[PDB]
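A.B. asks: What follows is each chain in one-letter form.
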Amino acid sequence: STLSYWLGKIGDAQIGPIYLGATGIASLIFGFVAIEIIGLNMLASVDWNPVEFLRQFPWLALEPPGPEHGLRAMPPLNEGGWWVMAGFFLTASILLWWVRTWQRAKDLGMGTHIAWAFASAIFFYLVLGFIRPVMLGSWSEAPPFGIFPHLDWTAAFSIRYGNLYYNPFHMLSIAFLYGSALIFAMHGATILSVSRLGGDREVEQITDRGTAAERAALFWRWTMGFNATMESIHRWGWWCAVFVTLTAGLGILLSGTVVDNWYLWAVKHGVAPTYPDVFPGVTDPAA
Amino acid sequence: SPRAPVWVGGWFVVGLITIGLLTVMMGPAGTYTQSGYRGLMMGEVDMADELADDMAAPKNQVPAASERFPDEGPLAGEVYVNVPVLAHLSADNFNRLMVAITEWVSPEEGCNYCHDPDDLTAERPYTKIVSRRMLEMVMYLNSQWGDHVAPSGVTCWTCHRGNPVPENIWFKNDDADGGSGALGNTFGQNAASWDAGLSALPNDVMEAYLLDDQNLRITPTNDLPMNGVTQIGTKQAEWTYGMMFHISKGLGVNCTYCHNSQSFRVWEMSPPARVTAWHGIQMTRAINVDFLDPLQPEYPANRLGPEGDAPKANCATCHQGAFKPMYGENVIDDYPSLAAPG
Amino acid sequence: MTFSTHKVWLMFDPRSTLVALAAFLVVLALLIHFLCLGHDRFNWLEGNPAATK
Amino acid sequence: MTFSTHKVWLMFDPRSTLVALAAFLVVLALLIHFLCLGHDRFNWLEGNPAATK
Amino acid sequence: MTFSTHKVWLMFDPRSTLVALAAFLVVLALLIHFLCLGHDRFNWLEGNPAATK
Amino acid sequence: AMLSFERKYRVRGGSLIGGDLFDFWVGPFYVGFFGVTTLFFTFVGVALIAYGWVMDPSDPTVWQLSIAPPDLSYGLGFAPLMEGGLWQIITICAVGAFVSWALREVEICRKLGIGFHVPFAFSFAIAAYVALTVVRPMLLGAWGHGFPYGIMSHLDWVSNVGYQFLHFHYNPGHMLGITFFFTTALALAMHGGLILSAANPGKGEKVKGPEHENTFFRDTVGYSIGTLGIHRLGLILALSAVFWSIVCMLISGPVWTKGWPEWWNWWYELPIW
Amino acid sequence: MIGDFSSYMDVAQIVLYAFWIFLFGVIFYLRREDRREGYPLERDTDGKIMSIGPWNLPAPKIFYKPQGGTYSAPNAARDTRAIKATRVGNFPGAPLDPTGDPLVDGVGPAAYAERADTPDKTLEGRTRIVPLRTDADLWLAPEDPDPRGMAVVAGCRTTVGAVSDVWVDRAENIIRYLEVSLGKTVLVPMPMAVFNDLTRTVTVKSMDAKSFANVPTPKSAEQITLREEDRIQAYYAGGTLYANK
Amino acid sequence: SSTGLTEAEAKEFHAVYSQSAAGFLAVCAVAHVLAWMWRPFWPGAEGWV
Amino acid sequence: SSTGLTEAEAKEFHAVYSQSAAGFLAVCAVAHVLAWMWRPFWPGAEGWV
Ligand code: BCL
Ligand code: BCL
Ligand code: BCL
Ligand SMILES: CC[C@H]1c2cc3[nH]c4c(c3C)C(=O)[C@H](C(=O)OC)c4c3nc(cc4[nH]c(cc(n2)[C@@H]1C)c(C(C)=O)c4C)[C@@H](C)[C@@H]3CCC(=O)OC/C=C(/C)CCC[C@H](C)CCC[C@H](C)CCCC(C)C
Ligand SMILES: CC[C@H]1c2cc3[nH]c4c(c3C)C(=O)[C@H](C(=O)OC)c4c3nc(cc4[nH]c(cc(n2)[C@@H]1C)c(C(C)=O)c4C)[C@@H](C)[C@@H]3CCC(=O)OC/C=C(\C)CCC[C@H](C)CCC[C@H](C)CCCC(C)C
Ligand SMILES: CC(C)=CCC/C(C)=C\CC/C(C)=C/CC/C(C)=C/CC/C(C)=C/CC/C(C)=C/CC/C(C)=C\CC/C(C)=C/CC1=C(C)C(=O)c2ccccc2C1=O
Ligand SMILES: COC(C)(C)C/C=C/C(C)=C/C=C/C(C)=C/C=C/C(C)=C/C=C\C=C(C)\C=C\C=C(C)\C=C\C=C(C)\C=C\CC(C)(C)OC
Ligand code: HEC
Ligand code: HEC
Ligand code: HEC
Ligand SMILES: CCCCCCCCCCCCCCCCCC
Ligand SMILES: CCCCCCCCCCCCCCCCCC
Ligand SMILES: CCCCCCCCCCCCCCCCCC
Ligand SMILES: [Fe+3]
Ligand SMILES: [Mg+2]
Ligand SMILES: [Mg+2]
Ligand SMILES: [Mg+2]
Ligand SMILES: [Mg+2]
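Protein chains in written order, with the entry's author numbering: chain M, 34 to 320; chain C, 20 to 361; chain J, 1 to 53; chain d, 1 to 53; chain f, 1 to 53; chain L, 2 to 274; chain H, 1 to 183, 193 to 254; chain e, 9 to 57; chain c, 9 to 57.
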């Protein structure tokens, strides 16, 4: 239980102690196995040279099986089996960590809201790595374990399914991420503005409304015509954050399974803008 | 020691001078050209000084050509002995072509690079045998691939640019594979490779498209999946993307030069340059399949690749970083002999 | 730890030690089984010929 | 501000002012050095010919 | 202001006014030097001929 | 005096122009001078968007509506009203309306006696919009660099501007902004869940206080940010996300004119190796 | 085809509309939770309670407070304290004018809520905000300046007194108020105070010398209730509008 | 008054401020004369020819 | 005054700061003379020709 002056300026200064418990130890074991697999595959990909590892770490990854393997339960190791093992161990560690958060909420007498907000992110992660590859029958549709590689996977996923900008659930997830940033800036600024009135002590304001909660409500009522309460704004933020990953999982489930081209889907439904033909005589040379 | 309150205004002035530092440090701003419709932002982003420097580069200056002799005289096939591909040229034009070729391929090494120093008739060096197939390839490109290289045409300068080895050539496993034993498979990607624009994209795509006829068309032509049409291809999309990095770097252009990002698939929304690029892909594949690869037995081990394969050409071999080779300078009008086989 | 070092449980809590050991053993067993499945000669469900070369 | 304006420090506290002034001077020096480096005639490291047209 | 109007500092803070004036002067000087650097004739570091058409 | 506790707070004061003429409410909304200007600019802009919608020859839907900026050939000049001038006027009205909204929030804060953290944070979104439609276009010398005012066409603008650098994911400022946006959602989920768990402990449990709130995070991650530190952290995260978005867009075109992946050659070929 | 119901409809469109229904239900639920304080509404002209449907006002939820008691929301309690402010004509939206001293009366930015008349407690049941002179387990970090002994300057550039003690939150280890002995003792909320460690001064620009002499004081000199806290904080917040002007 | 000075501190500050501003303006004028002798500022009818 | 520094300590500080600034400006003038002797930085009418 050490102290931290620099962290004590933005917030509290105490770091620890941390309670791991049984599920915490299990999650750490699973996750360390996953991290060891990923990192050792990265280090072997530069022929064990740590100079080249330092040079190329953003470009390095553990790569999923190729499409030639399909949904083979355990492909050959150096052909995606390492990726499948790392994904299994990471998923087990993440699920055990979710159970750990649920249990920590229960043992403190607190509600399990953080656990069910983590469940949305776990749902998105599972759709990204396991659930969608199972339905499409190919491990190759899953992100690599790498810094620049999962950005490449992101771009190539958008390109493969025709401009994921035209995925309505991608639009909704972007709206919810922008709204998460919007709502959290709103709430941070509002609570900081009424911090002179005791507004940072929100739970005390929930069971006993003070002038801080009243003025925080009235600022937004006079600004945009409606407001929340000291507790309801946290439900607003919680739901906005949950919807990000919920719509993300929903829009990734629908890509390739029910919709294969999103721009053409928007064209069918009157969503894609039509632009004046600046290039009048361009056709497909292979037609 | 007492804590000094932060001078907000002084640090604001320091912030302004740091903004000035950033402006002098990182740009006179790039120059834009608009190719498509307003609000789309389809066009080229170029630094004016760098674009001017690349146009004023020595490789982009086509050497001056001497006045062409009238094609009415003794042919080269009767004056000379071993001239199977240039037996229809007048001997004066044959000598002019030899001088031009020396200026284009081996100006430093001179006439002796491709010829025996004491016998011009002897086909001793491998360079003469390679140069004969070079001549045949240039004639084939000019006569048969006008859909791409016309009206500028191609000569020995288009690829070689004054040195015997063209600047942008490639081999099969041009990027060394990573991984020791059962660990570290890079899958032909996940490296800081300049073939993929220094991205972690597939850096060995030229073999699938400029030597093989693999499909670059990943985007479906229907909004909904079909029963027999594949529903996957994200990793296959990375191969197309890496190939498009190669294409963009070889021409010094961005994706919007040939595509509307709204849909990379729709040709009706694409600039007419995408049609020329399609013919360029077909022509590069034809070059590699027909001329450059069957030359592997004629090369020494010093010229081959890590896989023992012949050197091959790509988009960047001719263009050398410009939308057109030498930015559009005509090179075939001065040499009608290189425009068609005899 | 030996058959006669029964005083270890005065220093290590039996409950947490057993749970951590169970977690470690399950992870090790899964890792080894997956490593066997990840090789041609030892994937018993893929059933490649034993002579793998 | 001259040699005789010694009471400027009764308005601007030196401890909260000299650090900002030093930062400003360092940034100005970097700005001018990079401005000289950004031109062909004054980039002393590249060593281009003095006569640049 | 004028050489005689000394009572302006009973209305304008002598220190915040100096800080704001220094910021304005630095920004104006940077803007005008950049405007001179962005034109062929008055870019003294590029050294184009004065007669620039 | 609409809420059950609002009557005692509805007093005179807070005006930034020094006058009682506009000091009044219409329904729940407070009207100021800047409220009037906000409505002026807003109705002008909305009516011009409707005009551009009904004058579109392709009969677009609400999604396909697009008021595009002028051509890049018009430079920083003035375009015909049907050739980019409408976009220019809507941009001016939008900037005016957003600044007026921020100033009206300043007025409301002054009336309520609270800090100006909210107008200051909204100024970051206003700065992002300005850097996208005014500053970056002037840095590039043409208003045609701004995004079209359409629900779906501004997505196409974003896509094509990103593919002008062949891989926008490799922009370092883009990476920082995405990291901060995802961290903002993570922190908002954690904070909302913690406050909801403290306020709704369940059946048979009392409402938990600051000790339980700090204990939950010290027991989970190993550090507790506090109840005042979490809101500062959230405001800082959102503002950093928007600031790094502004940086990444101001270095794309004005600074970087080539592919974004090759910018990392500074690290791949750092003088060390 | 795979994901189609017709030549126009398809699975993604239906999933999108299902999410639209779910999102609109969630927004409705959230707006119901927004109405747990301040509703039902009242008119700006006579204070008549406006009728809100039972589908917009949720049923009261009970909060079991940590130190005992049950708070319900909504609670049918309405703030009906007499506001010492007037307006000419009961026009909807017309702002009010304080009759006397708005800071002492609590009008506008000086208005405060009738919170609990008991001090805030901790988990173990001991007073949360206490002066540092009473607790020996709490000290001030040596890396930060000590506010005690610093001169206190109001918004009129007048030294109104000196800091005698600091009141610390025992649940968060943070200084909540500054006990200032006026040159007779007042509590200054820390967010309303700016510290200068070089000149050893604390500036409270929201107060004048006249306003400091009327700051509400706690009944106890080592104990402050939530209502006293709320009143003092509201006084200093209303000073931003009513003091230097 | 409004700033806290007493018309004597203000007079001294205005004295030093007037000298500093006059010196800065004189240096600016000298610099402008020098920059005009370098390259004249205002074009003729035919431009920079 | 508003700083709390004594009018004599401020005088000493200004003396030392004045010497430091004068030395800095002398070094800058020498550096500018050396840089002009290396490559003059005010072009003539012909430019850098
Ligand atoms: C299995 C029945 C007994 C037991 C019976 C014995 C006997 C007998 C001996 C040991 C010995 C050892 N035991 Mg023991 N040991 C037990 C449980 C454990 C546990 C545990 C937390 O469960 C651990 C970590 C160990 C670890 C160890 C090693 C530190 C030590 C020799 C290392 C070794 O052989 O390399 C390999 C070690 C590992 C790969 C990790 C340990 C895993 C297993 C459990 C180790 C058992 C090895 C032992 C030789 C097997 C004998 C069991 C037969 C039924 C006799 N024992 C249980 C309680 N153990 C030897 C010793 O200390 O002599 C100097 C020895 O002679
Ligand atoms: C420079 C020394 C003195 C000073 C000496 C004088 C004298 C003498 C005169 C003025 C006059 C004026 N001064 Mg004065 N003035 C000072 C500093 C200022 C500052 C400032 C914040 O520093 C400002 C905004 C001004 C503003 C002004 C103008 C309102 C007015 C004439 C406007 C003008 O000529 O437009 C051009 C200028 C601008 C658009 C920007 C203003 C910036 C500079 C500082 C203006 C001063 C120009 C002045 C003619 C210089 C003469 C001083 C010589 C060095 C002796 N002064 C200092 C204190 N000033 C004139 C006046 O009042 O007319 C009846 C006048 O005769
Ligand atoms: C360097 C030694 C002294 C000093 C000695 C003098 C003397 C002597 C004079 C000034 C004058 C001025 N000083 Mg002084 N000055 C000092 C430090 C400063 C600092 C600072 C924060 O460091 C600033 C902003 C200034 C600013 C100024 C100007 C406002 C004013 C006239 C403008 C000018 O000449 O050029 C425009 C301003 C700039 C380009 C930026 C200012 C930076 C430098 C330091 C300006 C000083 C130049 C000075 C003339 C050179 C003499 C130094 C010799 C080597 C000894 N001084 C130090 C304390 N200063 C003159 C004046 O008041 O006119 C009547 C004048 O005669
Ligand atoms: C609402 C949706 C958002 C969200 C939600 C969310 N995520 C969450 C939570 C919530 C509400 C949690 O409660 C949980 C959490 O604890 O957060 C702090 C979690 C979480 N969000 C995470 C990350 C994360 N969230 C992301 C995103 C988001 N999460 C969404 C935007 C992303 C992105 C942008 O991709 C990431 C990367 C984790 C920090 C955490 C879950 C941690 C976890 O699963 O841990 C188990 C996995 C492991 C690999 C274990 C660690 C293995 C190491 C080897 C440990 C070291 C062991 C060693 C022995 C220690 C000692 C060493 C000695 C030398 C000292
Ligand atoms: C800086 C951190 C985040 C932030 C902060 C923030 N935004 C804020 C606030 C804060 C703190 C407010 O106080 C304020 C508010 O009141 O919120 C309810 C606001 C606000 N954030 C808003 C939205 C918003 N914030 C966004 C983002 C963010 N806001 C950041 C992520 C986005 C994004 C990413 O897209 C949007 C859409 C509004 C709800 C509100 C400001 C309302 C406002 O300005 O009202 C006055 C203007 C009008 C009523 C309409 C004017 C219309 C124009 C005249 C014509 C239309 C022009 C427009 C460009 C057309 C666009 C077409 C297509 C591009 C769609
Ligand atoms: C002269 C003349 C013409 C007169 C007429 C005058 C008229 C007609 C009106 C008045 C003047 C004006 C300018 C009126 C404005 C008109 C308009 C356009 C109004 C709407 C503007 C607007 C921005 C509306 C909202 C838009 C949206 C969708 C915003 C996003 C909000 C969101 C995602 C979630 C809502 C969550 C809420 C309610 C947050 C607020 C909130 C926050 C952030 C807390 O932290 C907090 C803390 C403690 C207690 C309460 C709160 C609280 O309520
Ligand atoms: C040498 O290294 C040392 C030892 C120093 C350790 C260091 C390690 C380092 C440096 C590691 C670095 C790792 C990095 C940078 C990783 C980055 C990863 C990123 C960015 C990933 C992004 C996305 C990945 C996703 C979404 C993956 C999802 C995968 C899933 C969900 C897979 C699930 C698989 C399952 C459930 C498999 C089950 C087993 C079955 C059932 C198939 O068995 C039959
Ligand atoms: C490699 C790039 C060459 C350079 C350098 C030079 N020449 Fe060439 N030469 C080359 C080829 C491929 C051929 C065969 C022509 C054909 O139709 O296949 C030739 C041939 C000649 C000959 C004919 C000799 C004979 O057949 O007996 C002559 C006389 C000749 N070349 C002259 C010549 C001169 C003068 C050169 C320097 C300017 C020169 N060659 C360089 C390829 C190459
Ligand atoms: C002209 C030199 C081009 C540049 C610049 C870019 N692309 Fe390319 N693209 C070009 C052609 C000739 C083709 C057709 C190839 C074929 O075999 O038909 C394409 C096609 C694509 C595709 C696939 C289209 C499909 O039907 O699925 C993609 C995904 C694509 N192009 C992407 C892309 C990117 C990302 C670019 C910037 C790096 C880019 N293209 C530039 C020609 C040209
Ligand atoms: C040498 C044989 C070349 C190879 C290999 C490639 N290109 Fe090329 N290209 C070549 C020439 C001589 C010209 C000039 C055409 C003209 O009209 O003068 C071109 C031109 C193009 C263009 C047109 C650019 C424009 O602005 O219109 C494109 C789009 C193009 N080439 C694409 C392209 C690609 C993608 C290639 C690799 C597959 C490629 N070219 C190879 C000569 C040669
Ligand atoms: C564009 C998405 C939807 C945004 C809707 C925001 C609406 C905010 C304004 C609400 C105004 C309510 C006015 C009536 C309040 C009660 C008066 C008795
Ligand atoms: C309107 C006549 C036809 C078009 C002539 C050219 C118009 C564009 C060039 C002049 C205007 C551009 C510069 C505007 C600068 C504004 C700075 C605020
Ligand atoms: C037709 C769709 C309707 C969707 C309604 C969604 C309602 C969501 C409610 C979430 C919160 C429930 C209450 C949780 C209180 C705390 C429990 C510990
Ligand atoms: Fe909060
Ligand atoms: Mg390879
Ligand atoms: Mg390669
Ligand atoms: Mg280019
Ligand atoms: Mg079907």
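Please note that the accuracy of each hint is not assured.
[To be verified] Okay, the calculated bits of chain d under chain C, using three or more residues with CB under 8 Å as the criterion: (1) 25–38; (2) 41–49.
[What the hints assert, rightly or not] Now the in silico label distances, taken between C-beta atoms and shown as ranges: (3) J:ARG41 with M:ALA319: 42 to 48 Å; (4) C:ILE38 with M:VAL167: 48 to 54 Å; (5) L:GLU270 with e:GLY31: 49 to 55 Å; (6) c:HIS40 with d:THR2: 20 to 26 Å; (7) e:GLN27 with H:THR194: 44 to 50 Å; (8) M:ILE51 with J:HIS33: 30 to 36 Å; (9) L:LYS207 with M:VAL167: 41 to 47 Å; (10) J:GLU46 with H:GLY25: 46 to 52 Å; (11) M:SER37 with L:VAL135: 37 to 43 Å; (12) L:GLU270 with e:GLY55: 42 to 48 Å; (13) H:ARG87 with M:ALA208: 39 to 45 Å; (14) C:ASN234 with J:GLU46: 28 to 34 Å.
[Said to hold, decoys possible] Derived DSSO-like pairs (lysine-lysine); straight-line CA-CA distance at most 30 Å: (15) M:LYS42 with H:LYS214; (16) C:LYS191 with L:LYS204; (17) H:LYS219 with H:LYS121; (18) H:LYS65 with M:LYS139; (19) M:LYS139 with H:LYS121; (20) d:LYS7 with H:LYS214.
Because the hints were derived from the structure by calculation, they are not lab data. In this text, a Cβ means the ideal position worked out from N, Cα and C, and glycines have one as well.
A.B. asks: Each hint needs a verdict: does it hold in this structure or not?
C.D. replies: Going through the hints against the structure:
For the segment 25–38 of chain d, the assignment as covered by chain C holds, since 7 residues bring a beta-carbon within under 8 Å of that chain's beta-carbons and 3 suffice. As drawn, the segment 41–49 of chain d meets chain C at 0 residues by the rule of a beta-carbon pair under 8 Å; below three, the given contact is violated. Between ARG41 of chain J and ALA319 of chain M the beta carbon distance is about 46 Å. The supplied range of 42 to 48 Å therefore holds. For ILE38 of chain C and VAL167 of chain M, the Cβ-Cβ distance of about 52 Å falls inside the hinted range of 48 to 54 Å, so the restraint holds.
Distance hint check: the CB atoms of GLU270 of chain L and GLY31 of chain e are about 50 Å apart, consistent with the given range 49 to 55 Å. The hinted window of 20 to 26 Å between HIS40 of chain c and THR2 of chain d holds, with their beta carbons roughly 22 Å apart. For the pair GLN27 of chain e and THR194 of chain H, the supplied restraint of 44 to 50 Å holds, since their beta-carbon distance comes to about 49 Å. Between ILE51 of chain M and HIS33 of chain J the beta carbons are some 32 Å apart, a value that agrees with the proposed interval 30 to 36 Å.
The beta-carbon spacing between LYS207 of chain L and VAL167 of chain M, approximately 45 Å, falls within the hinted interval of 41 to 47 Å. Checking the proposed 46 to 52 Å range against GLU46 of chain J and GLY25 of chain H shows it holds: the Cβ atoms sit about 49 Å from each other. At roughly 42 Å, the beta carbons of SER37 of chain M and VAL135 of chain L sit within the given window of 37 to 43 Å. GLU270 of chain L and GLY55 of chain e have their C-beta atoms about 46 Å apart, which keeps the hinted 42 to 48 Å range intact.
The hinted window of 39 to 45 Å between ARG87 of chain H and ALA208 of chain M holds, with their beta carbons roughly 42 Å apart. Checked against the given bound of 28 to 34 Å, the beta carbons of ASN234 of chain C and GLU46 of chain J, roughly 30 Å apart, stay inside it. Between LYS42 of chain M and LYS214 of chain H the alpha-carbon distance is near 23 Å, which keeps this suggested pair within the 30 Å criterion. At most 30 Å may separate the alpha-carbon atoms for a hinted pair to count; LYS191 of chain C and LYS204 of chain L exceed this at roughly 68 Å.
For the hint pairing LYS219 of chain H with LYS121 of chain H, the CA-to-CA distance comes to about 33 Å; that exceeds 30 Å, so the pair is violated. As the CA atoms of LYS65 of chain H and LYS139 of chain M are separated by approximately 18 Å, the hinted pair is consistent with the 30 Å bound. For the hint linking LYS139 of chain M to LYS121 of chain H, the alpha-carbon distance of about 23 Å falls within 30 Å, and the restraint holds. With a C-alpha separation of about 26 Å, the suggested pair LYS7 of chain d and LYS214 of chain H falls inside the 30 Å cut-off, and the hint holds.
In terms of the numbered hints stated before, the structure departs from hints 2, 16, 17, listed from lowest to highest.
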